[PDB]
Structure formats: C-alpha cells, structure tokens
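The chain below stands alone, shown as structure tokens; this is the form deposited in one PDB entry.
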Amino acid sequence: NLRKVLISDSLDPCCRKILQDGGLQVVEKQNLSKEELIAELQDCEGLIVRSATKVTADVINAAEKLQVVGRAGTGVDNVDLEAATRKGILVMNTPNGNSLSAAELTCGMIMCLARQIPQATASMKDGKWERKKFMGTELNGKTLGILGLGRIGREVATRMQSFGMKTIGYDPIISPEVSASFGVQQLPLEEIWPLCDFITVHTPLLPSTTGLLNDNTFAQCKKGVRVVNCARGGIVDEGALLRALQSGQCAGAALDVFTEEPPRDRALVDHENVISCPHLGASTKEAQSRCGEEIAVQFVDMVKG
C-alpha cells in the first residue's frame, strides 16, 4: 500500500513534515527531466507535483510502482488523467487551498477594470500625466453577475457586496435558497446578461462551460459590460471577447487564464482595455503553504484507510 512519496516540484516543507508524521517515507527532488523522475519513482507509490513537473502518459506508463499522483494546486493540466485512470493510478489535488487567493485576485481585477489602474500606472511610467484620458466607474449600486457559486464565486460575492454591488448569478447545482444565504440572487442566464455591469466566471472547464461567454451571450449583455476570467482558459471564447472589445459591446476584460498558456496569440493581451496576469490566481505564499498541507493530509488519510 502507500509507503514512500517523492516530491518533484518546490512546495513548503509543511508537506514533507505532515507526510513523515503519518508513517510515510519522503524524498524531495526538484525540476527533474523526463528520464530523471522515473529513476526516483522506481521505489515510490506516491508523487506530489505542483505545476512545473509534467505527468504525461509516458511517466505514468514507464513508472512501475507509482500508485497515487498528488497536485498541490487546482485542476490536473500537468497530469494526463486519461492515461493515469487507464493504469489504475489515483490522481488527487487541493481544491480548497487556492479558493481565497483566487477570490482576492478576482476582486482586484474588478477594481482594476473599474478604475483602469494598470493603464494609469503604465501612463505614469511612460512620463505622462493624462488625467482626462481616465474616467472610471464607481462600483456602488452596479450589478455583478457571478457564473458558478461554489467556493470561489461565493467568496467573490461577499467581498463585492461590501462595495454595495448587487450580486446575481447562476449555478446548476446550488439552489436559489442556498445562494440567497450568501446574497447571490439566481436567475435564468437569459435574464442575467442584460442586467450586468460586470461578469465574472467561477466554473470548472466542461463542454457546457467552454465558450460560456460567446457571441450569443455578448449579444444579450449591456453595451460596455466588463468581463473577468480568473477561473480556466476557454470559459470565455477568446475570439468572441476580442470581437466584443473591438465593437465596444465589451468595454474591458481582465484575464488571469488563456486557452493556451503562455498564449501565442497576442491580440487580447495587447488590447488597450485588457488587463492580464500570467495565471497568478494561486500565486500567494499563503495559498502555496495551504495546498502543500492539504495534499500531505490527503495522502496520510489514504494510508490510515
């Protein structure tokens, strides 16, 4: 059963600490090339990654002891889950660990869109004083649409409520009565689009949420809507967003995530009304430490049944 675990990426020593406390032997490697990793996994039931180490069908297939792969983070981009499940290898991740960091970044993106803070800093650093060029928006009394009312969507809701934003939204699993208890009014999507000043997505990436925002939904929005995607690349159709930015149907967007990372296509990043980060939603010392801890705790519970 589960004994010895390799850590192949850099995450807080709180991870190692909890693993050995629960009986597991631990080793701690870093970077490691496609050939390198497998020579460690010779003797290992367990592999903990962050984002850098790719766990492809190759490593999975070529590693003849590996029973579980743990990601100290959200989703499994860097783990071939098709090939893992084929070989009976359990894949786990730490969904709770990043919630607050992702919600805080989303709120900062909304403030940034409202007041053009990234654009203003760039203008100051270019030696300009362009007070006129900037006219921002007060959030108080504006409507924020929240698509997805799990962990992150509800944390975004309660913070933006403090700004006196009205928070409306939709989730197919969360009842209107439960969303009401954290101040989010659920309506049909067709009724959400024309009410929103700001839209933010907090859904998993599924067929049903791939291009959730598209040409059809932008057609239904108020002119000048502002969009945030701090969830997963492709929930917002990037073509449809660029078309909405060019027409003015969309007055601005804030993107932490892209269909391709890093993105080869530069048109959205380069747009004047787009502010962007290189997938920083989970990039806080606090989230990184909580994910380290959460994966270790998940591992030890599997040894104790």
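Note that the rigid core is defined as the largest set of C-alphas that superpose within 1.5 Å between two forms. Numbering follows the first chain given and starts at 1. What changes on going to the form deposited in another entry:
Large C-alpha shift between these two forms, rigid core held fixed: of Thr85, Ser162, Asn216, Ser208, this applies to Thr85 alone, with a displacement of 2 Å or more. After superposing the rigid core, the C-alpha of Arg290 moves by less than 2 Å between these two forms. Residue displacement note: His271 has its CA displaced by under 2 Å between these two forms (rigid core superposed). After superposing the rigid core, the C-alpha of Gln246 moves by less than 2 Å between these two forms.
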Contents of the next structure:
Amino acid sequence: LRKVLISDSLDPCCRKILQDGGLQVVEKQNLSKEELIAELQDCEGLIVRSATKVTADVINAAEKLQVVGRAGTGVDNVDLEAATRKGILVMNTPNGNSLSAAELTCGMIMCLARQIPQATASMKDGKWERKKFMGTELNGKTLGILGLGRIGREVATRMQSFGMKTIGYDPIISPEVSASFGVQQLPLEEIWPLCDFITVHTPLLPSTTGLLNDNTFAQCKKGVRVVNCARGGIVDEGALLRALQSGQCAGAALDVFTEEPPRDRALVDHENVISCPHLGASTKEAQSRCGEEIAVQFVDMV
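Now that you have shown the form deposited in one PDB entry, what about the form deposited in another entry?
Keep in mind that what follows is only the chain, not its partners or any molecules around it.
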C-alpha cells in the first residue's frame, strides 16, 4: 500500500473512498515552492485540483513513482514531457464535471441574454435604472455550438427547451447524431452568419486555439454574443475584445482565459462582459463525483 498527496482542494469523500482500498494521503497544499520538499522524496501517485502547477522538476523530484491523476478537467498545471519520466500516465475524470459546466454555461447564456450581473452590480451601487438594461429573449434566437461531446450535448438538450434553435459543428460527429440530439450540424462558414449566440466546449488544440478569431467574428452578423466556459483561448481574447469594442459583439461570457489568473484586464473590465474564476467544475457535487471516479480508476489498477 503506497500513500500519496492531497496536493490541492478536494472534497474529503475523495480521501475516504480513496482509502477503503488501503491508500491515504496528507491533508494539504497551502504552499507553493519550499515546503513542497515535504511531499517529495516518497510517494507513487498524486491527487490534485490543479493549483499544484507541478514544475519542470517536482515530478522528477518524486522519483518514487509510476502514475498520477487528478479529479477533474484536463491538466492545466502539468508539463507532461516533464511529467512522463518513467512509466507515467495521468488519469483524469472527464465525465464527472460534464453536468455542471453545462449548468454554468446555460446560466451564462441567460445572463448574456439579459445582463443580470451588470444590473445588480449597480443596483448594489444604489441605482434604479429601469432603462439601460433592456435585454433580448432567448426563444427563437439562434444558438451555435462548436464541438459536441458530453457537455455540449447536455447544454443543447437543456437549451432547446428555452425555444432556441441549436446548430453546431463537430468534425467527427455525424450530422445524423447531432440531429439525434437536436443540434443541426454545419460547416463553420454558415454557422457564423446564422447565430445570435456562440458557445464552445472544444478542448484547447491547434485546430481550435483561437478558433473564434477576426475572421469568424467578421462572418457572424452583428451583435452576436459569445460564451466560453471551455478552455481559455479558444476565443481570441484580443480579437474578442475588438469585436466587443465596436458593434460585432453585443456581449460575452467568459469562464476561462488564456492566462488563467488573467493579468490582461481589458475584457473583464468591459461593460458587456461577464466573468467567473473557472467555476466550470466548481460544485460540491462535481468535485464529489470526480474525486470518486479518479480515486477508483486509481485504486483499482496495479
């Protein structure tokens, strides 16, 4: 039985089910550079959240090893050429967060539709302006969804109920299967001029790094509103800021950013932009089930 690290915030259900096979770990990560000489030197695995941006060296500094794995979304903190030193894989939990990012993005569609945070943020500033925050309805406006995996198909089944026409594009996914979850499929060329909203749930990829750039925004007709609760970057943040600045983008909702604590501050400060600190998988719920699924697909191989 080898014993590992809770190298980040994770619901203690995680550790209890992690151990009732024979395998615990220490209750912390409050740290950063020079106290993480402690969790080094031993261990075989690691169980994080991601605030543990494991450096180029601190996966090679625990050379007691074979694999690691984190409860949630991707790994936005591991250089894995600098991760896979010997026999490494990293297990992730791509199914557990599936439902709650869908919840987050539909909430962001509705806010993009109305401007709910802007209106209360200055109501709390003490102002009764029943004239500036006049929104648009969702039913009958046209939504476009790029990529169509778990999350997007859940976003879509949730949002065609509001009366929205759902189109999209996934290269692999048949037009037949998109139709069989009510999202029409297109080549991107026509997906732009047809849309009142655009959300994406695309992974960060070269095909998709900045897959909404100055051209796509030049093809969507005026005032479209982009939501991004996927990976930071899939919307060209400068190009997005430009479309925002003049009329091409009525508003935009952004859960992720190219630089994760974004030190670029032009977008969030913008009037038509609504924000969140990567709350995509942030429910007591979602972290519960990804901690379980990591700590079972971990505690039962080898």
